[PDB]
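Just the one chain here, laid out as structure tokens, in the form deposited in one PDB entry.
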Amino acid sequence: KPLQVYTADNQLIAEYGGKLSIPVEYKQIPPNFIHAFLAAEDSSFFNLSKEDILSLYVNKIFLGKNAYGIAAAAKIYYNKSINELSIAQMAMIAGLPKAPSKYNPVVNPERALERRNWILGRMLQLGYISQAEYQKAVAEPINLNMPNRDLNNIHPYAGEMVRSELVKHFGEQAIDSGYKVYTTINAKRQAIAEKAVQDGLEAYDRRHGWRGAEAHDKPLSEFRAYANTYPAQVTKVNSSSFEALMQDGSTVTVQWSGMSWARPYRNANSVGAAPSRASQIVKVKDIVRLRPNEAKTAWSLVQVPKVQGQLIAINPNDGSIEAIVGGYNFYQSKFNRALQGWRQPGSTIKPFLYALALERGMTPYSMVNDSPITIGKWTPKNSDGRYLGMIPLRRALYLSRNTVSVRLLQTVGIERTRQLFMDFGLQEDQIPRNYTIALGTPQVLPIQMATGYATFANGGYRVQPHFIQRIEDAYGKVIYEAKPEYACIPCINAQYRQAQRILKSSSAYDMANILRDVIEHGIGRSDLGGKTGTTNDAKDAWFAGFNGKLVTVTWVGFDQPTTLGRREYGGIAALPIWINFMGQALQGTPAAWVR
């Protein structure tokens, strides 16, 4: 009866176990277990009387860690049936009822063993166990063999998105429901996004160079495989090749072509010279990451990036989350950068403020002033330190001119913009009450940016991102069906709630065409528009783009902001991920621009 997660293509991707109860008939209980409970307590005034009353609770008793009853405890703690438990394990379970958190083997192992051994000592005294049984049982370690009750190995960020969001809003009882959650996640598009982010971050990583082995003279057993990287121990180093021991005991050779890319990393802005020998890259006893080819006939030295990234893709008509990638790989941590990654948008915020200039009567052709500006003490300068004078609004956006954005902010007013940013999705207490908000200094989430860019793809409507299509109970009854706010109700036909208009149709179409011009003046599609973003000191690289059927926002940055390096702008780091995802997601679909 777990919480089951499906993709929009009816594939089960995840299963989340809640409170567990596995009832057993009383005659199925090994004698030593009942004895371990009979000996858990000093005295009973209900010794054969406790036996009759134990029979009424043996299946309901809270045994910590979502375990209700003896069988669920055997399963949760040891992955064993009640038959498989040892004297020591039976006494460990028998000691938990009194205080399952104070006596828990997971949180208090010391306190737990004190309790277990005493019960064993009291089992010995009662004649329940032999002296030999007691001697082994007391000497036995914790032996916890806790199975994973969170099956999430297909599209990890999609599965976790469901679990984590349910738990945040409805608490842990949300899992205990046994519901089937049918998401808006497209499994093909999700598989594409996962591969694209992985490739994008590795491309960035390799050009920034080899940072050395992740560990030296440490046990290989202590490392784990992920993102098609396999831990290995270097055993032999040759002039052009090295030998490594895999986690299965097999010895592999990595030839020159497999490691030659390994120029040493110096900093974000510097790599050393191409390596002239294998000895400059690896040491014997080093823990490296290898990747095989499809045939497994050749191996290469690979590297997990230190840089991070994310992708979020939504339908601009209804806000359906089609694909979501929260980091390089889910094994690293459960942290989802699309939903929780607060970062500065920089220039990706500019189309929002320029669309507000269009609301006021300006056209993409209207002349704007790119001349020096000073407000109070602050002198907003341009990233190139140049001033272009009278230029068209569209050129000013394309070139991301800070003085123009600052001047546009005064002409349109701060509150009017803050309100629009709030309309676009953005958080009220995250949007400052100053002029820096024309530069993309407020913190945003990639999902908010996707939501805001949808206003351009949909004709000026505010959509709300959503991941649930429908929910069923365990019996098959549909208990929830998504009723999103639609930008275009007749577009579903190719139904009920109409989304609110946040921009004039003409402002949205004008902005969409500027972004299309911005994309075409750098794949084989004429229905895409997009905007790059780079924060100060290249701490962030963004790409926010779309067609009329899909909005995609990509981001690249370090979790602890450090520069990505000069040369690492939006169009260089984030855009290739977007291009790779968009090109494959929109492959063999007609042109879909704005209505």
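Numbering follows the first chain given and starts at 1. Just so we're on the same page, rigid core means the largest C-alpha set that superposes within 1.5 Å between forms. What changes on going to the form deposited in another entry:
Each of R189 and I281 is carried by its own rigid part as the chain changes shape between these two forms. The chain behaves as two rigid parts between these two forms; the smaller one is rotated by 9° relative to the larger (C-alpha superposition).
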Given for the second form:
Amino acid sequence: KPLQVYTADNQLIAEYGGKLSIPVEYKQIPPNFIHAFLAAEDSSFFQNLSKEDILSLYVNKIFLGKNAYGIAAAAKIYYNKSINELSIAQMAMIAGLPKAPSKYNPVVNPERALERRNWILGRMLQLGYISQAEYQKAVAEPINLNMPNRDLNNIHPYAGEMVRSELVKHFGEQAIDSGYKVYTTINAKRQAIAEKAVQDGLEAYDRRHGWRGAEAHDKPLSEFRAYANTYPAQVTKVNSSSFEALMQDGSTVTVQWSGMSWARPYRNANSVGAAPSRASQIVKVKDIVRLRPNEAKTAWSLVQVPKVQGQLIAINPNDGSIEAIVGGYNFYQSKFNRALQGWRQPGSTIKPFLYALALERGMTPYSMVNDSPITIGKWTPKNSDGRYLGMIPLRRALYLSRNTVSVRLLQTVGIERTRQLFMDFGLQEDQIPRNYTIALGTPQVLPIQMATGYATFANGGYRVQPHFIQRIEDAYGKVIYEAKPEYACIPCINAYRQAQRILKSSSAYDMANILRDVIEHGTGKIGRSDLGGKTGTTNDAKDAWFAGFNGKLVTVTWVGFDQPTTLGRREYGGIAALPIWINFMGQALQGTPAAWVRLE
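So the form deposited in one PDB entry is up there; where is the form deposited in another entry?
For this one, just the chain is written down, with no partner chains and no other molecules.
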């Protein structure tokens, strides 16, 4: 009975197998398996004939490492076999595990596992349990593990992992042995769109910065996995216009010129080399490259897995329901979820919160703010273009993300009030400094916290908590948990708990319209008039961000390197992150009526 993960459309996406036990009748056990356990210890005092009687009591319960309880569960976990399918060597291997299922574990210690196994086989031969023909056959055998994957998460991997990883973080492994059915808030349609959007957008950035060379050279093809419609290939021959590579299935294909001609060499973030003139300039024989098919087959392409990363988090602003979550380029490349764990500087994406607080103090989008050099704090922050503009309205200041006005508004608003709003988005006391650096978006945030923060505009100034579980049922079918979220607007549940108000209705509604002005009048791609959004770029374009919404959906996208480096000069939030956001929102919001903030 495994932990089962479903989407909001009651569709099964993941099964997570915990503690396994397959009880067998003593008669169903091959004698050689019993013999293996009898030879496992030198001395029995319960020859070993009374151990055979007491063995029946423990045979289905013995912990045999890696969630295996009993002989059948160990035959399944280690070899993907039934007890009668096991070899003498395999039976002896399992027979050696009870004493210490970690010091002898063939996964965690293959060295000692073989030593123990063969000792048992040696003892079985001495006891006349096995013949020498069986002894030589068995002792010469390798470990031969064929471990089936009991953690099935192949449909929406980041969504299934989110459930497993979060339950384990808060409650340990016992959370997976409960056999519960977890019914998530995830929209599968929206989840699929987000997965494609993050993959395409990162492939877009990667392609424009050029070919970086093969992912490895003189390394073994067995050590690389296929994913995101990219398949590892070992280059075998390089010609005038085409190369030949060996696939993991054993086949060899011929990647033609049109499939590699894009490979202008990467020189730096801001520089790429001339278009390649021959295939030798792109690949070397014994290079580990990634290839891509077409629809069915026909032709192949030389592709590249981005070194760059990204994320997407989409939440319902009224309750905080998580609709879509993508933690990186691909789950197989990295199981790391940047949406829930990727601490980054928000840069300019923080400004709408600070400018909302200015509006709360009495200001308007038209209020005159001053873009001037700020020496104050014996630290002089400089604007993006190293320029100043003088007196400009609050709305202009936000749109151009004038760093000097932000520090001035932070001095006006007070560092305390700013930190209070931030904590209301899920932030900890320890992750927001007191200093005037918070006006510039330098403190580390998780994108989920940004989606929570932007939801404040979308919902009219209420504090919603992001949540991924709608209900949990026990294996039987009984509902044991039913989500009771804090609602921004309780009447709105037509197309119990009330969320506390964190920002004044007018300020949340005003910021919303400034953000809509920012997207409709600044930048320029969708046929919607209910969208508000803000771009963000940190110092030396170390992060590209876009936080945007409509009345029914908040989406935050991010693009950057895991080890912080520049994305390039001409690489801002609106260039790297925005195209993923547009591509998601357009598709996710397709055939849905206009929904905007309610000034109540």
